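Next come the chains, spelled out residue by residue.
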Amino acid sequence: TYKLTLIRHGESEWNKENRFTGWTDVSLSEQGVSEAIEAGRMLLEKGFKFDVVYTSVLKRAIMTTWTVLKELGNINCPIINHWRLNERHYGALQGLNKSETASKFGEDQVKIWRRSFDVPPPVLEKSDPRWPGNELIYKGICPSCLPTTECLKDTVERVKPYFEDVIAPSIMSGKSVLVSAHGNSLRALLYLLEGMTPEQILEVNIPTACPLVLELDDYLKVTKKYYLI
Amino acid sequence: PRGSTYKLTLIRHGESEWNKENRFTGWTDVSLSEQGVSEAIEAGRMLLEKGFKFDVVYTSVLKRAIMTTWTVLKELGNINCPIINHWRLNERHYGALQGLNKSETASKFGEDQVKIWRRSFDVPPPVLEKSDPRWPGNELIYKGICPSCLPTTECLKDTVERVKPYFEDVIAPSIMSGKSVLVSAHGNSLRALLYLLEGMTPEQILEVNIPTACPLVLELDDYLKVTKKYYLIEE
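Chains as they are written, first to last, in the numbering used here: chain A, 1 to 229; chain D, 230 to 464.
Hints are computed from structural coordinates only; laboratory data are not their basis.
The reader is advised that the hints may include incorrect statements.
The calculated DSS-like cross-link candidates involving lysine-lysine, where the alpha carbons are at most 25 Å apart (straight line), are [what the hints assert, rightly or not]:
1) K139/A with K279/D
2) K46/A with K221/A
3) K279/D with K249/D
4) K372/D with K249/D
5) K70/A with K249/D
6) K236/D with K139/A
7) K344/D with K175/A
8) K408/D with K139/A
9) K16/A with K104/A
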């Protein structure tokens with residue numbers, strides 16, 4: 001009855017560098033841009049046209065969105081950015097190498113923080129530049145929202161009301177909706193829309209810059225899903 | 230500074246493909262040329278040099294202004310800035326002149342009436358018939374817009390009248406909130422704003438020309454009337 005399209009951005013300048021990103025506002029790589037261009041063209045070929053795009057406040061997803069819309073000849077499409085679609089926050093792991101985290105922290109407990117549903121990385125102090133309350137992007141936002149760290153549980157819990165109060169009404173109104181976001185925000189949506197267990201979402205991998213189409217219920221629950229590939 | 234309380238930035242886009250072809254555009258949804266993209270890049274760099282950062286951008290629903298906005302924001306390192314598109318910031322509608330050259334218009338119409346259509350405040354170009362493919366009711370971008378909003382033609386007076394409530398109810402509150410606001414739009418949309426905010430006579434604004442891709446900074450009253458204005462460019 002309903003149709004929702006999801007897309008995660010291509011590789012960033014830190015994916016190659018093997019660096020934990022999270023809320024760090026890092027650029028797409030040259031390859032990440034080209035991946036967006038191909039996603040756009042794939043969507044054009046498959047006859048897609050969107051009435052609204054929901055994205056995060058992170059430039060790599062916003063640039064992905066702009067690139068896809070250009071290829072769709074749909075740059076007039078309204079875009080709404082919101083922090084609730086941000087990638088999962090990685091706390092003290094942010095900005096560090098796979099090797100640098102292995103040095104400062106336990107090499108094994110870092111792998112716990114990435115592969116777990118309910119265990120978050122260490123907290124950032126407010127004085128630390130990395131803390132989101134330093135960026136002008138989050139200037140007028142309720143302080144309690146701005147994380148020092150996040151686990152996957154924390155991400156699903158802040159994505160959920162955004163779907164409920166914002167994306168869901170758009171869907172229900174008959175709009176063609178794209179959600180252009182990140183790995184963890186999109187998995188949060190899947191977990192919610194498919195009605196998954198915590199262990200079930202840990203088994204889910206979303207490929208980069210690859211449009212995922214969800215067909216939905218009257219109740220907005222996934223009846224079927226497929227990639228445009 | 231003392232005497233003003235707010236700052237508002239305006240920019241019209243650089244050259245489009247129809248500027249190059251010297252055609253009347255209006256609501257026709259034409260692309261920027263490569264030069265127009267380059268001019269947007271220059272504007273962004275100028276703004277970055279002057280220490281500008283925006284909290285919101287208002288633009289039209291026309292791709293040349295939207296692409297100008299995205300280009301400027303990329304150059305500003307301000308990609309995260311919310312962008313709100315609205316038809317009320319669209320270029321003035323040019324009616325049956327839309328799409329025509331100076332060889333095409335001289336053939337279809339007369340030199341007397343054409344001069345007035347381009348220069349006057351209150352005399353519009355001839356009306357598009359709804360059957361004409363050029364009529365805005367044909368475009369998917371306007372699908373859910375109240376039909377009375379979609380013009381078959383506009384004089385500058387008309388443009389002012391539809392821009393006014395958009396400043397009043399949407400842009401004004403953003404300014405009064407303390408937001409740093411950019412308006413990225415078109416020649417006649419921006420002149421409409423200058424007409425309103427400076428309290429000009431219809432004669433006063435007919436002599437006003439806004440240079441392309443050249444940020445215009447307005448300092449505003451408590452009343453949101455212009456105290457002073459300057460471009461970022463003496464060039």
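Does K249/D lie within 25 Å of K70/A when you go C-alpha to C-alpha? This hinted pair holds, its Cα atoms lying about 22 Å apart.
Quickly compare the C-alpha distance for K16/A and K104/A to 25 Å and report which way the hint goes. Since the Cα atoms of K16/A and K104/A sit roughly 21 Å apart, the hinted pair holds (cutoff 25 Å).
Next pair to validate is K46/A with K221/A; report whether the Cα-Cα distance is within 25 Å. 23 Å, holds
Given hint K249/D paired with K372/D - CA-CA distance at most 25 Å: Between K372/D and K249/D the Cα gap is close to 30 Å, so the pair fails against 25 Å, i.e. violated.
For the pair supplied as a hint, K344/D and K175/A, is the alpha-carbon distance within the 25 Å limit? 43 Å, violated
Under the criterion that the straight-line Cα-Cα distance not exceed 25 Å, is the pair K236/D, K139/A satisfied? 19 Å, holds
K279/D and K249/D were given as a pair; does the straight-line alpha-carbon distance stay at or below 25 Å? 30 Å, violated
What's the verdict on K139/A and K279/D, does the C-alpha distance respect the 25 Å limit or exceed it? Judged against 25 Å, a Cα distance of about 21 Å means the pair holds.
Starting from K408/D, check that the Cα of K139/A is at most 25 Å away, please. 11 Å, holds
Of the numbered hints listed earlier, those contradicted by the structure are 3, 4 and 7.
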